[PDB]
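Given next are the chains, with one letter for each unit.
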Amino acid sequence: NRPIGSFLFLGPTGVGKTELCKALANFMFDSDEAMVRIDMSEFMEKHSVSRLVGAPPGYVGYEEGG
Amino acid sequence: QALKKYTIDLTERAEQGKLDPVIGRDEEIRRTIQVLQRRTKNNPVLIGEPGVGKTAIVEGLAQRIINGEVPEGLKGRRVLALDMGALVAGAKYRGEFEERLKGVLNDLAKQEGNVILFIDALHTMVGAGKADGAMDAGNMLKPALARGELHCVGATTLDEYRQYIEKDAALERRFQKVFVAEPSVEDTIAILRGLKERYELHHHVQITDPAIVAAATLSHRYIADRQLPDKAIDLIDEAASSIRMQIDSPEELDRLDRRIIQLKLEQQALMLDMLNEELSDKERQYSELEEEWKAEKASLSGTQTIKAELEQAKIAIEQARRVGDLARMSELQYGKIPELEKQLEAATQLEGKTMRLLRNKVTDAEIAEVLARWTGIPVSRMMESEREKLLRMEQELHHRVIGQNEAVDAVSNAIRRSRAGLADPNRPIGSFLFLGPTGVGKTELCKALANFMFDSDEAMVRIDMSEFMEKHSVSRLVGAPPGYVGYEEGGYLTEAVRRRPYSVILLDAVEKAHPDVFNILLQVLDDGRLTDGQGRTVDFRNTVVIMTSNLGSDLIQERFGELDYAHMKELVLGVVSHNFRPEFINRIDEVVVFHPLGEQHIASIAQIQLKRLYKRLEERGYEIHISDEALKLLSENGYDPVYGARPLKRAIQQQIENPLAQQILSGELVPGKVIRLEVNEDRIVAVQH
Amino acid sequence: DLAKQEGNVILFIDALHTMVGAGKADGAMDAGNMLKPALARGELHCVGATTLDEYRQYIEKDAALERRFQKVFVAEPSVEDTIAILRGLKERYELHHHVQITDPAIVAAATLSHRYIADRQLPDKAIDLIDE
Ligand SMILES: Nc1ncnc2c1ncn2[C@@H]1O[C@H](COP(=O)(O)OP(=O)(O)OP(O)(O)=S)[C@@H](O)[C@H]1O
Ligand SMILES: Nc1ncnc2c1ncn2[C@@H]1O[C@H](COP(=O)(O)OP(=O)(O)OP(O)(O)=S)[C@@H](O)[C@H]1O
Ligand SMILES: Nc1ncnc2c1ncn2[C@@H]1O[C@H](COP(=O)(O)OP(=O)(O)OP(O)(O)=S)[C@@H](O)[C@H]1O
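Protein chains in written order, with the deposited numbering: chain D, 595 to 660; chain C, 159 to 407, 409 to 430, 441 to 858; chain B, 265 to 396.
The reader is advised that the hints may include incorrect statements.
[As the list claims (entries may be wrong)] Derived Cβ-Cβ restraints for the label pairs, each shown as a range:
| id | chain 1 | residue 1 | chain 2 | residue 2 | range |
| --- | --- | --- | --- | --- | --- |
| 1 | C | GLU446 | B | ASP383 | 32 to 42 Å |
| 2 | C | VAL492 | B | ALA339 | 55 to 65 Å |
| 3 | C | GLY175 | B | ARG384 | 35 to 45 Å |
| 4 | B | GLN334 | C | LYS483 | 30 to 40 Å |
| 5 | D | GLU658 | B | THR366 | 48 to 58 Å |
| 6 | D | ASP626 | C | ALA464 | 35 to 45 Å |
| 7 | C | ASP723 | B | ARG351 | 55 to 65 Å |
| 8 | B | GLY285 | C | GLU227 | 51 to 61 Å |
| 9 | C | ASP626 | D | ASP626 | 33 to 43 Å |
| 10 | B | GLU344 | D | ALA628 | 44 to 54 Å |
| 11 | C | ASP723 | B | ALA339 | 41 to 51 Å |
| 12 | B | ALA339 | D | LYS611 | 39 to 49 Å |
| 13 | B | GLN334 | C | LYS288 | 33 to 43 Å |
[What the hints assert, rightly or not] If you want a taste of the chain C side facing chain D, the calculated C-beta under 10 Å gives, among others:
| id | residue |
| --- | --- |
| 14 | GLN321 |
| 15 | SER581 |
| 16 | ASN582 |
| 17 | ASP685 |
| 18 | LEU699 |
Read the hints as simulated data drawn from the structure, not as lab findings. For each residue, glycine too, the CB sits at the ideal point set by N, CA and C.
Based on the sequences and whatever the hints tell you, model everything.
Here it is in structure tokens:
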């Protein structure tokens with residue numbers, strides 16, 4: 595009823611958060627960025643949830659999901 | 159019957175040697191042979207993003223059926239290719255299409271499971287014929303596909319699959335998916351070796367194998383729009399076309416032929442002579458070069474034909490492996506292969522001797538050239554004009570940026586590291602932070618880079634980071650998210666980069682934005698991907714990112730005297746650490762520190778501005794010389810620390826241009842006559858002598 | 265018919281974004297889907313010519329018929345090449361409009377067209393100044 599894991603990595607910069615996750619994708623899929631990498635520094639406004647969910651019916655990018 | 163008309167065989171075209179070889183792809187051909195041999199739903203659809211080898215897997219299934227490497231259930235299965243454009247094109251009357259398609263289904267029922275039907279573009283089939291009185295062509299294959307009586311094989315894209323088939327679930331579950339993924343780099347090299355054989359046979363070259371491994375790795379690095387293994391085949395075949403075109407015509412022939420026709424026109428106009446003798450010498454020279462060129466053409470033709478006959482021998486020995494002739498095997502092998510290979514290498518060393526008037530084999534220099542002309546990025550290995558240009562970097566930036574040793578050294582280093590091939594290929598080239606007080610050369614250092622690099626000042630993606638005082642910023646450079654207003658148009662930074670992938674990104678006056686606009690740039694300067702609102706990421710691993718703040722104007726103008734450069738860099742880095750966040754100044758390549766100007770710098774700036782002023786008036790049709798004492802007054806009247814170099818600009822502007830504009834519109838100073846700007850008591854006079 | 269010509273015909277489809285959604289009737293074969301298995305086998309030698317924003321709108325919407333084609337980026341020419349183009353078309357327009365054009369008129373048209381008109385792009389606005 596859940597995903598496999600859901601980790602909240604913390605810690606000051608340049609100690610290997612993002613390369614740990616790229617290390618996981620390099621292990622698991624034999625490729626560094628073969629993974630769904632969402633930048634959570636684009637979503638600084640409330641109306642940009644809909645980049646990942648998609649568009650509600652009768653709007654612009656309704657044909658194209660999230 | 160109907161299968162004569164509306165279908166094309168593929169096992170003929172794998173039997174006659176018209177299809178390209180298919181190398182790799184173990185798991186997908188085994189899974190396609192699993193899904194074709196069921197009782198219900200004999201319908202694999204091959205789904206992958208376009209060009210990763212989907213139609214090539216049906217090519218590989220045709221070739222494995224003909225060679226007989228398959229399990230015994232498929233041995234004898236014809237692979238008929240259907241094309242919808244041959245079905246529809248006659249059906250003018252009502253029900254002609256339904257008659258044709260029912261005829262195809264009955265002539266496949268009369269085969270008893272023998273024919274694997276190949277629809278390419280399965281996404282097209284849904285709704286082919288929908289009209290007033292119609293059957294939509296999905297409502298005539300839903301019964302026949304439902305019972306497994308048809309062995310259809312689908313070949314569609316992924317986004318065409320979201321658009322066209324999963325809008326229609328009743329024909330979505332008739333088909334089983336086979337997810338064809340993007341192939342890896344090493345398998346790409348394997349595919350390129352098989353097609354190295356094929357493309358050397360077509361375009362009359364020799365493709366060396368380091369060109370292939372460079373083409374795979376460099377295509378995977380630079381071209382980020384398309385998908386492998388197709389971008390590598392693009393670089394290979396376009397390099398082969400380049401080599402064949404350079405074989406087809409030299410350039411010394413151009414120079415000598417234009418020379419002899421020019422001297423022929425001159426000699427016939429003069430009819441002292443000497444030009445009969447010179448023209449006869451040039452005609453003998455041109456005939457020598459023409460005969461040597463024809464010798465090279467004949468040698469390369471013989472070598473390519475003998476390579477083609479070698480591959481004819483390989484085709485014949487595989488025909489003998491399928492048929493089983495006895496003396497033909499050892500005959501073809503031990504006769505044909507080693508003697509034609511050793512005389513092929515004799516022709517190879519002969520061409521290595523005789524090709525003078527050159528490049529005759531597709532090697533990695535040509536892959537570098539085709540990939541530099543594809544994208545925009547300076548991939549290629551340098552020429553000597555560009556390399557001596559590229560070591561006069563600090564020279565050719567002090568033609569426009571006098572002053573400022575430090576940052577011209579730093580940015581010279583960054584562009585040199587990108588050109589040698591030592592940059593981190595996961596980050597952009599230069600992610601700089603020009604600091605320093607008001608008007609000391611920053612925006613002109615960046616314009617100096619654009620005039621150096623692109624030979625234009627107005628070719629630099631210049632975000633203006635003082636319009637960005639609210640988070641409307643973010644929404645105006647990464648585009649409008651779906652549902653919202655400008656989703657059809659996209660951002661400015663992402664589109665204006667993805668046009669020219671190698672471009673200076675100048676973020677002018679970067680502290681004037683809201684402090685959380687430095688969070689798009691976390692993504693940029695960390696990895697060089699920037700996902701805009703239409704959804705697709707944009708490769709910023711080829712830019713030069715320059716942000717020109719002035720956060721430390723008080724500190725730098727206070728303390729640039731009596732301190733070295735290192736302590737000043739550390740101290741203004743402390744000030745910047747108070748203004749930015751620690752997540753972001755970590756990302757920067759090198760924070761430089763500019764400095765206030767001294768008087769000799771101001772005098773040199775004055776000479777540069779008077780160069781462009783003389784350029785303006787020579788475009789107008791005048792000439793001006795100046796006295797050195799006038800330059801001394803412009804130097805002494807344009808010194809102040811707090812404002813830098815624009816006091817010189819408006820002092821020049823006033824104390825030269827305004828009385829000169831008084832006098833040019835006076836009808837006084839006649840053009841053509843030399844203007845001297847000698848001093849007055851304090852002003853500058855202009856005379857006519 | 266073009267396959268019968270044995271590759272002796274280079275096709276030329278200006279406004280390729282017209283071709284992409286061309287004959288798209290009520291769910292039938294447009295021009296894109298019928299040409300799409302004959303482009304990437306080389307049996308047709310099309311040459312497109314498209315505006316750039318039409319490319320991003322109408323061709324990169326449809327990724328297959330995108331990757332059959334090669335982008336050949338044609339940048340705006342510089343001022344001096346514009347001067348050369350204007351010299352050849354000075355010959356042509358002096359044939360047409362019964363008048364004579366001098367070299368200062370050409371270099372003035374190129375410089376003032378690039379510096380002042382901000383909407384259209386070179387070499388076109390230079391030729392519009394000359395023709396008008
Ligand atoms: N523990 C580590 N082992 C190896 N490389 C590391 C390590 N930490 C950082 N790096 C290098 O630093 C970069 C990755 O930095 P990150 O730690 O991923 O930055 P971060 O984790 O996102 O923290 P922030 O949010 O960026 S400040 C890559 O260039 C890595 O090579
Ligand atoms: N694994 C492979 N083995 C052999 N050739 C390959 C392979 N992958 C790609 N190719 C070549 O790639 C070219 C076209 O690839 P295709 O599979 O035809 O792309 P595609 O399947 O048509 O994708 P779409 O969606 O139909 S455009 C041909 O020249 C093939 O020879
Ligand atoms: N070393 C230099 N060589 C030539 N011109 C210089 C030099 N230093 C400054 N300048 C002149 O200084 C003028 C103003 O500099 P700009 O770069 O335009 O201002 P800025 O550097 O952006 O600083 P601010 O804070 O943005 S006003 C430019 O027009 C240059 O002509």
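* To do: Enumerate the violated hints, using their earlier numbering and listing them in ascending order.
  => Violated: hints 1, 3, 6, 8, 15 and 16.
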